[PDB]
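In the form deposited in one PDB entry, a lone chain appears below as structure tokens.
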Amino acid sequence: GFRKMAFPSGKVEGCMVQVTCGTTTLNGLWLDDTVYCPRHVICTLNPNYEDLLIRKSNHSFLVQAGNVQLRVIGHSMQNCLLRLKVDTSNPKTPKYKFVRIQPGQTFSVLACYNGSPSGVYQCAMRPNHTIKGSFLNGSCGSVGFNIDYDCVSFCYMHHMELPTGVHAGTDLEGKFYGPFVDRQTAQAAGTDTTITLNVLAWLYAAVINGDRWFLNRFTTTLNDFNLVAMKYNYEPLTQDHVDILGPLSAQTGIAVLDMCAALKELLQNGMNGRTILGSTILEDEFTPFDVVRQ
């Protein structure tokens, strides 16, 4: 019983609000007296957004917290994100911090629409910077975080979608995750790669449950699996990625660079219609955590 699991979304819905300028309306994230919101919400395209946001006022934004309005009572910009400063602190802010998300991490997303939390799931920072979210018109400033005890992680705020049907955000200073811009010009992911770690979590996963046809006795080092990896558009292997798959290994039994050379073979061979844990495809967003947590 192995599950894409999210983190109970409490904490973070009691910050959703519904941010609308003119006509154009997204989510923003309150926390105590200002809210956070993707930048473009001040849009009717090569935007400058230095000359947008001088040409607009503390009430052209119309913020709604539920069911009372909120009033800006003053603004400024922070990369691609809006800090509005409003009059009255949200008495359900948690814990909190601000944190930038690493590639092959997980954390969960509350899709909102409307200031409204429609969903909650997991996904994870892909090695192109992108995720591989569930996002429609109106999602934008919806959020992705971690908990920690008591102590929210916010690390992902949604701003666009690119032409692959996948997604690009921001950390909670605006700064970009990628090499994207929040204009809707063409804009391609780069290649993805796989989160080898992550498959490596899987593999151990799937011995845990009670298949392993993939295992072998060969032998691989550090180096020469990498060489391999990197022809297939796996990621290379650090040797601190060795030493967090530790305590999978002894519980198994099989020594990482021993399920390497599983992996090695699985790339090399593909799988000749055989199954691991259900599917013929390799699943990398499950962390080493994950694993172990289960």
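So that the term is clear: the rigid core is the largest set of C-alpha atoms that superpose within 1.5 Å between two forms. Numbering follows the first chain given and starts at 1. Compared with the form deposited in another entry:
- With the core fitted between these two forms, just one of 135, 96, 176, 214 shows a Cα displacement of at least 2 Å, namely 214.
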Second form
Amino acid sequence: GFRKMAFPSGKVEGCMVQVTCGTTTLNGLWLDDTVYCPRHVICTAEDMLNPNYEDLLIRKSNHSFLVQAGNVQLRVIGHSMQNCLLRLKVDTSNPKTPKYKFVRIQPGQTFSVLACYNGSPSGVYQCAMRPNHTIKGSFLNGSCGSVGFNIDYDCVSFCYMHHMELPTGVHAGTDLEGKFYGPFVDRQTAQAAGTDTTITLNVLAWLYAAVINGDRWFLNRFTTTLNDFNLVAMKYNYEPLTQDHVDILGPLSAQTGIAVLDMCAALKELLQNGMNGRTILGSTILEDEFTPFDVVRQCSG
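Switch over from the form deposited in one PDB entry to the form deposited in another entry, please.
What comes next is one chain alone, with no partners or other molecules.
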């Protein structure tokens, strides 16, 4: 079978803490002797409309921050602003800190989210960075500070820290350097994202996963040029496919014997004709949140 699968979250659970400033509580990420958390923890509801963060942070001291790992208090001995995050230096180092990196992930790439509340991990699920720089997650009040990550050979690459839920129900946040993905800002306002597009490379990778898992109904005897595929894809609000993306599908193409442009011709037919009551890997719609890597890792190992 084929499933949406997250990375095991244990290496990240051991880093989650609770951060409180006044009456605001959210989650933080404790790596070595630093706690990273959304800066708006220092704000009151009035400040949040137009918070002058540098002006508001200079008014705080180390004792303004209450950090707790479970029921154990960590003393803050330094603080600094890192774009939309705070870096709180604590007097103790986290022995559960995994080997880690901070990465800024690109649209189309996937990551696991560990949703947390009050410093306590609650759930783990997979998301993709949308082309409009939002993520389609599941987050409730108190989820700020929850992180997104990938794991490669025991090294955790942190890529997302949660801040906002837009009026449309999608989510916005920053990388671990504190820079937002997209045109969003940490002000308490209703923000809209730019128009989203479908991640073509991921729809194609998912059709290859279906072939690997014994689903070939959508295939056809036709082919297409790359440009003719891109003309149709753009008409349907799909991202264009580049030669670099065709190259990325090389391994999945050689494994299944299906030429990339032949799979494009199958997708072109699916876009023009629809699925007409049929399913691919259990789904009634074209799925675009599995990368070629997510397919290879799940089908081969």
